[PDB]
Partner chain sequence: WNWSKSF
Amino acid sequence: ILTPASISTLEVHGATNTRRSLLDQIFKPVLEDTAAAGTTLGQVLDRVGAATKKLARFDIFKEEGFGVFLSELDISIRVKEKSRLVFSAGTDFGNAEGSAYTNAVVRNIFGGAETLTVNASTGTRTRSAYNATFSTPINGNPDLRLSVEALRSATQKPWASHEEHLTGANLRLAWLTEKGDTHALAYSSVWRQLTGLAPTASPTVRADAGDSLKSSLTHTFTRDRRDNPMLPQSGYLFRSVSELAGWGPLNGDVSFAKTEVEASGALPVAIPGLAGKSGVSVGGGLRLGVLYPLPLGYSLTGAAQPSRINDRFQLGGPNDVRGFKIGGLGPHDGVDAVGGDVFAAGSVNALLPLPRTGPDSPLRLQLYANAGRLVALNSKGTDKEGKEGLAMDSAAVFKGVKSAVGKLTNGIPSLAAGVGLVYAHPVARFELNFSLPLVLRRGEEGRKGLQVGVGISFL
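For the sequence I just pasted, show me its structure by itself in the form deposited without the partner chain.
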């Protein structure tokens, strides 16, 4: 262990398709670690194991046969490459709504870990979804990745009694820092079209129906310190999504600055009588969002258009404040669920294990107290609107946002509480709960019966 013995020459099997440059950028620092020649097996034996996971991040090699051999001090590592094509034309379970996913993938194009994934989907709430993606690492770093994606999908919005047709391209730059966080700066230019209005469509939906283009630059930050994302019993999660559209160089039909944050956590509790992992934990959550209208140009002072139903926030549902219909919070024009400009949702749950069943089982019992608010911006504060409507000055918008935020504090937030069972399936979390709305505004939809929710994000 403490004996100095440099590895020196090493050899890797099963690299017949990846370029030597990719391996050189990964294994060369490992060789330089042996230059110390002090407690090598305590310093270089961990280094190769640390760098072994670097190869698995490229996804080119099969992680199953990631064996490592030892000898004397030559080190031989044997890996196997994945199939160059994988027409995974299958259905979806965790994402039940995900229906089918004919995901075709061209892996390891050009030797580096490039990948052309031409996915295609069709199911409930989504008539069609054709996505062509081309991802490639930058400078050989597996953490830093660049992706170019072109999509054409027709999503359905039953709550708002319409459907949206999306057609555009994205340019993403994902990055994973050494701490574990995941930054993502993406530029998107999509063409949104509201069509297929239901016979019960509200006048608000009709007024917003048409064609618009959104050229936005959005940055996403995620810090997931939870032990298990599906069943968070310890740790915390912080996610922040900030988007700037239509302002400055970005040209489009919408101009705003949308920011959304989310903070979660869970605190385990140990029964004094019980020993080891009790399995009981107390969690929490908090989501905030602000939609600030902005003018079109390079100036921060000017007339700003009001937000549209495409960009306004939607609250309520199984992945949102529970006890309410999907999009059951916020302003409601008749029966349609129009969006809001600011929102604030919170949650306080407590996971419990079922009796006569070990804590290691994914089955748990949850008692939640979800609550949330969702208000829409208006120009009631201003003294008088000009002759040409739908144009609010900087003072009017700023006053409108202050009034909208002030509306969150006064009055009890829309609150619902209930109990249910949660399944921590690794692909996606399945939840079935019996809810009961307690406080809500008139026109909001609350469900008092059994509610079934499936997905990866929950409040």
Given for the second form:
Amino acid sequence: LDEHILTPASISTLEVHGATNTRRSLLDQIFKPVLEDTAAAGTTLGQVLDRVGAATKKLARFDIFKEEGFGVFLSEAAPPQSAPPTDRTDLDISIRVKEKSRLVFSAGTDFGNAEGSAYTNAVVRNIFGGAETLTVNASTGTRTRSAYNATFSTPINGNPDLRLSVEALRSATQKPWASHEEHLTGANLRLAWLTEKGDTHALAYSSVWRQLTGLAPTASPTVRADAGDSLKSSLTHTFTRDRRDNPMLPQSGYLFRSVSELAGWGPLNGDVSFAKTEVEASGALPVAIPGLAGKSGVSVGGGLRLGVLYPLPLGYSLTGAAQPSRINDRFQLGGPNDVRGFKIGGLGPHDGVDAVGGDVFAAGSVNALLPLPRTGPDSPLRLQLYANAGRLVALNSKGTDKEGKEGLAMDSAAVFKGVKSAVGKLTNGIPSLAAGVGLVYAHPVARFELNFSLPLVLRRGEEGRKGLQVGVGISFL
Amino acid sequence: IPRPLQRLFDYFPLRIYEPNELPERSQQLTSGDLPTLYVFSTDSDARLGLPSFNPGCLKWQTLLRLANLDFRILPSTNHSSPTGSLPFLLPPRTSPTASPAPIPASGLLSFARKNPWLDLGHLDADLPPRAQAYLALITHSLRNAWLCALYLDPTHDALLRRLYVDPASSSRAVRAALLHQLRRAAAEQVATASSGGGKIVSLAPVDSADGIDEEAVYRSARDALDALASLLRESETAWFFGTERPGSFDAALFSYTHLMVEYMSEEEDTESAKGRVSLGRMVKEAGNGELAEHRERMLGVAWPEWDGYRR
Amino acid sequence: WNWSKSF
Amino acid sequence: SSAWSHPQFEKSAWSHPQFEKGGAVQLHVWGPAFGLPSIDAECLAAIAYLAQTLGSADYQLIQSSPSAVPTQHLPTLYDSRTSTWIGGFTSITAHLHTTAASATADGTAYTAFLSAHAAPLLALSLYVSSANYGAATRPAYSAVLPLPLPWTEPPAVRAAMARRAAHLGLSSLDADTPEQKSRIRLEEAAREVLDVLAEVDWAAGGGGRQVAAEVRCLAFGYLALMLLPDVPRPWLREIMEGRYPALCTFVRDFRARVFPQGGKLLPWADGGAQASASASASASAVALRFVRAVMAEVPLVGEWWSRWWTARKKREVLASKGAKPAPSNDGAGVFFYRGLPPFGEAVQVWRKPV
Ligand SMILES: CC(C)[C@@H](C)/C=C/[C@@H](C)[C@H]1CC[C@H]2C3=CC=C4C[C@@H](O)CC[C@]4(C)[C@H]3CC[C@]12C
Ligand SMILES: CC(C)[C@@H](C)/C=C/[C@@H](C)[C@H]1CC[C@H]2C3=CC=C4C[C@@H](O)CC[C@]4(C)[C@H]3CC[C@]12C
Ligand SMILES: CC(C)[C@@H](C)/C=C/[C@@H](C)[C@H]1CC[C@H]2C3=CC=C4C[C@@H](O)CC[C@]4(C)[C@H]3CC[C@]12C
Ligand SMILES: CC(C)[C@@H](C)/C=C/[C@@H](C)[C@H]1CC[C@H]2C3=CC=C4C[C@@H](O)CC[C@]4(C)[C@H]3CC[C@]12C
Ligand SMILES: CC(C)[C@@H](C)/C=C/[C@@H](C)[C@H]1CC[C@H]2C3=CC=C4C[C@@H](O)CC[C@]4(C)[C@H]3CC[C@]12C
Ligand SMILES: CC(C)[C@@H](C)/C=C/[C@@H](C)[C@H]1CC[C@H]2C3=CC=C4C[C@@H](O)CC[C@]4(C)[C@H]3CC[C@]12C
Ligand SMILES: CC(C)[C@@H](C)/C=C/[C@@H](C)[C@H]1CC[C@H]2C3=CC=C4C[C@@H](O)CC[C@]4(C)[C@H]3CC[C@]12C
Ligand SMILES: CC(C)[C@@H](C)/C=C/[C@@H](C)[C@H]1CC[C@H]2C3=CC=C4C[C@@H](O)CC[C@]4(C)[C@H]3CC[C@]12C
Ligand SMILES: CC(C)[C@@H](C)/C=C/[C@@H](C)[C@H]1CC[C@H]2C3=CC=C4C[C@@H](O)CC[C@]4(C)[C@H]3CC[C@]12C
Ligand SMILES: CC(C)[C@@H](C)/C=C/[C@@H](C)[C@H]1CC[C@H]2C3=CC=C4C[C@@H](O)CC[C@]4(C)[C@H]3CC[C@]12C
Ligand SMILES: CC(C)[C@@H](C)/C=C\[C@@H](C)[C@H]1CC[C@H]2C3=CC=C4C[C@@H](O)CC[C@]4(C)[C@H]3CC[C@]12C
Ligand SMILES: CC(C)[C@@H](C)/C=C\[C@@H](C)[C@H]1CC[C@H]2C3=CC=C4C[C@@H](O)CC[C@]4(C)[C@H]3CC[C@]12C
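Would you mind giving the form solved in complex with the partner chain, to go alongside the form deposited without the partner chain above?
Let us now look at the entire complex, which starts with that chain.
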């Protein structure tokens, strides 16, 4: 069959079947580059099948059509050609696709979680024929307030890789590690973009009304002092270069993420003003052994996560009085995802029992994946040996000479001196360190870990977990 | 299985360091050598310890000053209160990362008895049965007048905005949302009153100024002040029921008479354009003026250093 | 229960 | 939003016109229950006040419900001499009004106390306790309303009374060791109120504390609904009969003097308690009252309906009172997913250009 791809070829026409709702103009953007690159040279099926092979998940990224409807009926063209280079130079191709349901409505209740827990979901897709979507979620229950959501998403100028999203949000988030809950209400504007190299860009504008209510009776004075309302209008950029072979259980390749957020400064307005950035670099490296050629299954990985939260003045001046950060914005570290072997939010400053955040943090990981004996390396479940370190510090004005005690704000030189001292604190003393052994499951909806952790170095007030610990999620250190 | 391995778990952590320092905001606000009472006030008011603008918070702030407790006040909000409502007192930190449990409003007087700086029975003495009837005037007749005149009067919109919602956030959209919730909650409480309320539209409570009768609330307050002035005139001393020192009853009344004179003694409501006497004017005109000088005397006892309190 | 009326 | 502010007036505490004796007035109250002229405490007090200060032919009693009056509140007085609507007991007495200073202050003090604290105690006995509601008072409420209403008004009344007694901290199971602590809290809460009321000489026979007849009528209204009503949980009746014989004697003597023979001698409109409601029991009127009551329960629209409706009724009462209230402010859905053709055909094809 491979000899059919080595022959010269020249495609004549292509047809798409079943795309009644989607406008043909949107369909053009994927097929014109296919249409332009035609009859370029011999052995073009080596080029042709891959370029249409690009198209199939190109249309799948539109999410309009069902994943099963991709019946390919490529064959030799019936009409003859005048002195063709090869009997199968001319081909006829027709593609069969079935669009997904235009409207999806869902609702239900679940008495197992709450006495009156009920949810309502509605999805409208491919409105106006151009892959615009609209999802509305509503949730109620008992001992809780109503939660709404309404996201409108659309590709820009017919490009499936450039997607603009508008979201209206109202939700309440429980934060047991700080003995309070946060009520969110606002709107987000996102412009997600996928580069040709696979890198993902995302520029989002957010304007959310945060409100700290429902303090537990054990709430610390720090949590009480930060309770109340706060409006954060921020502009955030998210970058992601993921080259991991299996992103859900990495055996090779590397991941790089950057999340830079600017709030309140300049044209943005609100009750907070800072510049927050995070960098997350990860990687893995397979290792082979003489006892078995090919894929051995053992690999050594790593990780490194950094973050700095810099207070900024309001207005358009870089030099000016800056308010100290609030518990809403400060970083949180520790837990089965961030730093394995500790309580959720178990690192950093603690006021009594509440885990108050920090402004500068740095976490790292070293782990090795191994397969169990009498089980092939292709199995999605493996043994893991890991060692995690982390530091979370808070900005202080101890280095300042004098400031008006009425004012809470810090001058520009004071903040810079405070950040320099905070970063210096990371590099002294052994970081809060934990190690353990566990089993990892790579079932592609979520990673499951069964870890036996054992804290080694710890700051007083931090909470380690010496027993078995289970962590489920898509992000791990 | 846990028992044999307990000899291994007790070994870890191998190194324990000193605790991480608290954030800058926590260090500035929550660090103090004196117990702090969290009330509705401004940053300039809190510096000198001047009376709060919330009658519920001013009642307890007055008693603690009569209890001779040394304390400082700080502006706050109901969200931080252990009971969901101000005021409350946080004793000073014993260690930089630990603090004793907050004292709710009901337990403030017990706290003051443990920290003399002495018999404080007069501040929480059980009122005589007749005194219970008059206390209903302060808690219901005067409270409803305060709520209607402050939250539901467009004349005091600038004052209400400045006091309660402006310090909450700088966002106009958030300010408008907070202002609506304040007026909804205030109108709900007045609607429960017998005189200015009692109307029922559906299962949900009445939560608008349309269900409130302004005259019934206003007339009840005017009748209440005349009654309270008559009760005060009965005592041979300067305080209610002839006591030689101000008590819980005096502090309860002062929390309303002071604020009515402070914030609603203007001559705009008393103008013919409104046709009604302002709350601060009725306080000074009640009886022969007993409630006016009682407010002056109460300030001279709890705030002897203060001046310029007329308006 | 959890209803689903997709069309 | 103008729904949370004092109403504007065309160019706030506008006093009501002074009443003069002689004009016929109509008092809209609940129907009789428990052998009393009315079932609501304030309505019963208002009936007693009229029966003592006005002649038998100078006023009329009309059995009604809150939906049938523009004030949305009972009792309400319609002073036909100027067509003004006055709602609430205190407002009616003030409207009809023509060591005295110590006596005047005492009357004001207990008037506020009875409304503030005696009312939640009464609500707890008759409304919060589900045993007494389902057997003693809900039948009484339904017996005085036209047919479709007992499914809308009495449920609304209970919600108000439950909110009224909410500050006591007790709930339905306390109407019944967990039983012992519930019982002692019942006796504690009642004693906290009845101790204050026992200070006054309600019978006005001499001694004690003397108060104006306006508040003695109000005292009977709250006390009568606490003693006489025979309920499956007579705990509140038991406390008053045993611990406070003076209050029991005052109620019995007052009822026998002011309401002899079930109180049927009162000048009810159209010669009877039920015949009085016939003026507003017409099919069209009752249907509108029921429909407006239903609309308020819509989860989103209903809340704004009642706020708009209440404002409309508020203007009507104020306009009658001589004031001048300011006036208040009041396809494409088929073209999408229908009508317009699908944006493309099922077949699209392209070929290599020439
Ligand atoms: C940090 C936030 C708050 C905001 C201000 C920052 C935005 C910058 C950093 C973002 C916005 C648009 C981004 C951007 C747009 C387009 C491209 C073309 C691509 O081929 C290389 C990267 C490049 C050049 C990226 C780089 C990062 C940019 C310039
Ligand atoms: C463990 C973490 C830090 C992971 C993300 C490691 C990343 C580093 C080591 C990787 C990421 C990108 C890599 C990288 C990108 C591009 C080139 C250009 C090539 O001509 C020389 C190697 C060089 C320069 C390599 C070197 C190794 C780099 C810099
Ligand atoms: C030299 C290039 C052209 C080709 C042969 C290979 C490059 C890889 C193998 C090299 C290039 C840069 C190297 C590299 C850069 C920096 C570090 C950080 C250190 O903490 C761990 C090792 C690590 C991550 C090493 C690992 C090996 C890398 C990634
Ligand atoms: C994908 C190929 C072509 C090349 C460019 C990629 C190389 C990266 C991803 C590999 C090469 C060397 C690897 C590497 C070397 C050594 C270590 C030390 C170990 O303790 C942590 C992991 C770490 C840091 C890993 C991470 C992943 C690296 C950096
Ligand atoms: C006598 C002197 C020479 C001894 C005490 C000093 C040793 C240095 C080299 C050690 C002590 C603490 C160590 C240290 C502490 C914490 C961290 C954070 C971690 O994420 C990166 C490495 C880093 C930054 C390491 C680097 C090496 C340090 C700085
Ligand atoms: C395998 C290497 C690459 C790295 C990742 C592993 C480190 C772990 C397993 C080991 C190596 C050295 C150990 C180490 C060195 C010295 C001390 C000082 C002692 O008073 C407390 C324990 C402590 C702090 C331990 C903790 C555990 C460490 C940090
Ligand atoms: C929202 C729901 C509750 C609405 C639409 C339903 C209304 C119906 C079921 C109710 C409303 C009024 C009711 C009604 C009114 C009066 C009478 C007269 C009586 O002698 C027989 C029953 C009868 C005829 C009932 C029957 C049921 C009716 C018609
Ligand atoms: C069968 C006839 C003769 C008569 C007796 C029957 C009347 C019943 C069935 C009718 C009369 C009034 C009706 C009624 C009144 C009001 C409401 C409130 C609404 O939110 C739910 C329905 C509900 C509760 C309905 C249900 C059906 C009722 C109760
Ligand atoms: C032929 C006669 C006996 C019929 C019409 C009776 C009418 C009277 C009893 C009135 C009284 C209450 C009225 C009533 C109540 C509530 C509603 C709900 C509304 O959404 C439809 C009309 C409906 C159902 C009406 C219909 C007419 C009723 C039932
Ligand atoms: C002719 C009828 C069928 C037309 C007018 C329908 C009206 C709807 C909008 C009305 C009729 C009965 C109403 C109804 C009955 C009972 C309740 C229970 C209450 O706890 C929540 C509201 C709820 C659920 C309301 C909502 C609005 C309903 C469902
Ligand atoms: C030989 C002496 C000087 C050693 C053991 C004492 C102290 C320092 C230098 C040791 C103790 C624990 C070590 C340590 C623990 C764990 C990790 C996490 C890994 O991702 C990066 C290296 C790092 C951060 C190393 C660096 C070197 C450290 C910090
Ligand atoms: C008196 C001056 C000279 C002192 C305070 C020094 C610096 C001043 C100018 C301040 C003003 C704005 C600050 C500034 C803005 C934003 C960021 C992004 C953040 O991710 C790293 C720090 C950084 C880059 C800081 C560094 C310090 C700066 C540049």
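Rigid core: the largest C-alpha set superposing within 1.5 Å between the two forms. Positions refer to the first chain, counted from 1.
Can you tell me which of these residues, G210, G90, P249, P203, is the one whose C-alpha shifts by at least 2 angstroms between these two forms after a rigid core fit? Going through each option, the one that shifts is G90.
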